[PDB]
Each structure stands twice: as structure tokens, then as C-alpha cells.
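A single chain, nothing else alongside it, follows as C-alpha cells in the form solved without the partner chain.
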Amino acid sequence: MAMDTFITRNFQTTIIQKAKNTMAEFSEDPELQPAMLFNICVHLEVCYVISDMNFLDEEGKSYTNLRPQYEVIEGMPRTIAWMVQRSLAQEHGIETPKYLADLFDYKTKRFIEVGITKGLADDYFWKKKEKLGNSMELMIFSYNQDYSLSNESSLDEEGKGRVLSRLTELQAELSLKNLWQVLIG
């Protein structure tokens, strides 16, 4: 039971193809980098869990007529993603961040960096913060039901819970299949 089989059984094809495309863009081979493949898949999966469950009307009121609260920037070629990020910044009268974000939040008009860690969410928050400063909001999640967020009006309680349930579900299935070892190494 190898990582490639695991990925096929546990991720949607849209997620898998975007992850593999990203790896190919950076000249990395999914067959030779199975930990990396899983990590990219789960990160993109989280971006979509967040984007697929959060909506706005014209007033800007939240629901779980409607438009998505978030646009996913991750999982497209960087040539395209830079156009998207600059376009969204300029459209909303905000600075274009110098780093390529993961999401754009139409509610708050902020870019978001998503981080997944097998360590302490806090620690990873502060690493990304040291680099990104005030340029973007941060959403950091761990496998052990921890998280660290940079602002009040970002993800709600149910959204936090759904991200964390999914990560916990994936870790459980990896451990069941003796593949969690692969990520630790």
C-alpha cells in the first residue's frame, strides 16, 4: 500500500491533478517525492474546504444571490496565479503582496496564507509571520486539532472544525495504512 495508491483513494481528482502540476512546475517527481505529494494535496484540499463552505451576499453577510467568500490562488501555475493576485489586489484597491498567497478573502479584502504543520500550530504561525509580516493573513492548522489564525473575522467555528476534522481523518487513515511514518521522515 504505497502513497500513490493512498492519494488516489483519499483525494478528489481535481486536487491530485493540481498537486502533481505544481510539483511538475517545480521539477519534482511525485513518484520520488511521495511525502511532498501528500503534503501538497492536503494543503490544496484545505484551501478548497475553506473555499467551498463559505459564502457572501451583496451586503457582505456570511452563509455556509450567493458568491464565494474566498478565491483559491494555490493550485494554478504561478504565471497565472500572479496575474490573479495582482488583478484581485488592484480591483479591491489594496497592495499586491510581494509573496504569492493561497487564498483571497473577498469579505475582508485580504490575501491569506494557509499553513499545515505536524508540529505546534503556534510555532509555524510565527515562522510564516517573520517572513510575511502584515502583508497577508495566516491560517495555520495542525494534525493534532490545533490552529493559529491572524485575525478575528477569518474562518468561523464550524470552518475551523471542518478543516481540523479533515486533517485528523487523513492522519487516521495514513496511520491505519502505515504511511504516517513517511511524513514524519
The other form holds:
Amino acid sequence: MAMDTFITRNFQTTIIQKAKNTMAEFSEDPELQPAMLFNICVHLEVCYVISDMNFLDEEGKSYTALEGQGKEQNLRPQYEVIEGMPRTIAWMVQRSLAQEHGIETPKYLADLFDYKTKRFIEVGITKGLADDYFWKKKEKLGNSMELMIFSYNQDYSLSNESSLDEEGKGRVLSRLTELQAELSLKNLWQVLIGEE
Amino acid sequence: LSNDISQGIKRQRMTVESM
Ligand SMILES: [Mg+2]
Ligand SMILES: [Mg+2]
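Having seen the form solved without the partner chain, the form solved in complex with the partner chain:
Below, the chain from earlier opens the complete complex, with every other chain and molecule after it.
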């Protein structure tokens, strides 16, 4: 099975197209770098999954999607998802958010903004070990963003003060575990170069 | 999982157009 085919059979078309658009923004070709396309797809999916799990009411109280059902009109998502927007627009969303909350605009483009903590978030996904990648991304980012790191081997690196709960962590990690297993069944795994 | 994506894409459009 081609990685191209793996991608088609394992991700939503919406995810795939955004991933291709990102590679277009980066002038890279999906056909020539399927590992990169896969990586972008997984990253996108993680960001959306994280952002659909928490809501905040007007008073700042935190709800899960289930707990909040019937009240959603009166809730707003806890995280703004910046990843997956066209990049040119994303930069301006980031700036707008920073300005609205009286905080510094980060130098680099974030993946999420946490309305509760008023922090930008960078999400990382590794085939290696989460803490190693945390330290690497720290060199670039400093304290400019919260890092949320997940790995395909149930490893992760999250702030003690992250808004993501056990259930949400579990949901991200299970999907990654599931992808690793599916990749392996097609012998696409030990081929893979990940985000690290 | 698809709902997470569908909803996320809606929210992004909502945000951008409110700016
Ligand atoms: Mg990103
Ligand atoms: Mg990221």
C-alpha cells in the first residue's frame, strides 16, 4: 500500500486537503514527501481534537462537550484553533488574539490559543520520546508558548497546569497508538520520519 | 473524531469572519 493510499484510508478528506494546502504554502509536493503529508495530517487532527473537548461559559467555568450539551449557545470553546487556517490569516488571528488579551504576540505561529490561561500553545507529535522533543522546541520557543507533546508510544509531555484532562489526553494518545498500529500492519512504520 | 474536525472548521470560519 502506498502511503498516499494509507493517508486516504485513514484520514478525513477535509484533513487531507488542509495538509496539502500547508505543503503548498511551504512549496512542498505531497507526492514527493508523503511522510510530511502524513505528519501534517496527524498534527491537524490532534489540534482539532484538543479544541473540541473543553468549553468555557461567560463566567470562565470549564465544561466538557458532553457536560455542556444544551447550553452551547451560551458557551465558547476553551481553545481557539489556529492550525488549519490559511497561514496568512492565521498570523492575523494570532495578533488579534494577543492584542485583545494584552499579551505579547509570539514570534512564531502557534497552533492553539487557550482562552482560560491566555496562553498560546504549540502542539508536537513524535515517533520518539516526548520529553526529548519538548527540550528541542523549548530552545526556539522559550516561555513564549505552552508546549503540548504527544508520542505514538503513549509518551507525552504536558504542563502540570495544562487545560487538557485525562480523558482528552487519552483520546489523543489512543488515536496516535491506533495510527502506529495501522502503519505497522502495512509496514509503513519503520520507514517513517516524524516531526522530530 | 469527524465531529471534532467538522466543528473545528466551523469555529475557524466563525472567528475569522467576526474579525
Ligand atoms: Mg503548527
Ligand atoms: Mg504544533
